[PDB]
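One chain is shown next in structure tokens, namely the form deposited without the ligand.
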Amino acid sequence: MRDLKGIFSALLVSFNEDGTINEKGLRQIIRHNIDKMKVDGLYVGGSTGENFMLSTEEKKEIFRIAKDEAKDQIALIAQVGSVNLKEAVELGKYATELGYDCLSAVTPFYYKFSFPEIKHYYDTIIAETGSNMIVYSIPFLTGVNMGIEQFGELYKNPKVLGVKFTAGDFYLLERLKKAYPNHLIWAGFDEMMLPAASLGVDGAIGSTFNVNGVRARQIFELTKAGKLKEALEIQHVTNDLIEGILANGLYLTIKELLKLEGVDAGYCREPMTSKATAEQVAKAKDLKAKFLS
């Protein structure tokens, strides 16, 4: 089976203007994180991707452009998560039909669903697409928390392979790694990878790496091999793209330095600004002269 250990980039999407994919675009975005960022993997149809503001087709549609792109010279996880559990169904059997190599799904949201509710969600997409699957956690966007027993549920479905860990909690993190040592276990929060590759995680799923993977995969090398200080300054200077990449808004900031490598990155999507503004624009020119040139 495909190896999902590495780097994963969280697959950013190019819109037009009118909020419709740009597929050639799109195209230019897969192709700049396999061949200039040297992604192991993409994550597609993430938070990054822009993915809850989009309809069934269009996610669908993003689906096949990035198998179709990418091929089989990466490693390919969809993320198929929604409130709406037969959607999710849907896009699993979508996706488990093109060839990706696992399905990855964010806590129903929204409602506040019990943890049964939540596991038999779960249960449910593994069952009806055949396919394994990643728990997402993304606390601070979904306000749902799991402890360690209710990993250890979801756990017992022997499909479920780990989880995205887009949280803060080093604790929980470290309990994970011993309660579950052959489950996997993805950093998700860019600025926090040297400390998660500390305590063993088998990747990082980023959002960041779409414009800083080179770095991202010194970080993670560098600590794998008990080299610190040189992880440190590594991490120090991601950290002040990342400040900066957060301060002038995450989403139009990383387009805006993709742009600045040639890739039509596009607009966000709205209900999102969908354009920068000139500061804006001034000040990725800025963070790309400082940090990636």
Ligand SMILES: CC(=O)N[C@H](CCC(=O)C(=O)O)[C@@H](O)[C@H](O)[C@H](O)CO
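Heads up, when I say rigid core I mean the largest set of C-alphas that superpose within 1.5 Å between the two forms. Numbering follows the first chain given and starts at 1. What changes on going to the form deposited with the ligand bound:
Shift analysis on the rigid core between the two forms singles out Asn145 from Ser114, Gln73, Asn84, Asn145 (C-alpha displacement of 2 Å or more).
What about the form deposited with the ligand bound, after the form deposited without the ligand?
For this one, just the chain is written down, with no partner chains and no other molecules.
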């Protein structure tokens, strides 16, 4: 398996006005990430790709398009989690067949699952596909002791590589890197990249890398080298941009920024607001002028 460390953009998907996938636009998003953002890889089918609002067939179409466009140019991780474990296995088999470098899967949601149920979910996707797996932060933890024990149980299956860490708990992060040093951690909070990199995370998966990949790489590399003053200056500008994106509407703003760079990033998928308002477009133009020009 290919090196999975580094900067991964969580791939946004271009949709048409009617909610269908715009394949031409999706390929332009992929090309922008590989050629201009210079990412180490793409994280396909995650939250950022508006994955959970789509059919199984649409998810397969996006996996097809991303692998065909990226080829072997960069590493590709396929997020295949679902509340439906049979769907997660089907998507995991498909992504495996397409050649994805590894799978990832959100914790099953909508119902409250016990830890044994979550571990069985991951072990089943791994056993049925034969692919390695990146897990997600374990929900509803009451303590770090329990958190480390549970990662330790997930981490009994040798095909579990590590975790996409979204919890805002740097104590737990430090504990996990100490207890399981050979397992990888990818930061899942772009606005907290510096402190995560200071604790030795192995990479980052993020939605804002679709437009801010240059600064994201700089923060990560400078931090690993101990150049914290400069890394913080770049995190400050990055977070001014991220604060504006969050206030204006996360996926719509990143798509509107991509449109200003000549990428046909399209609409969002309903039930999310599909069309950016004039105000949202106006704010996206201002953010591009201030931070990406």
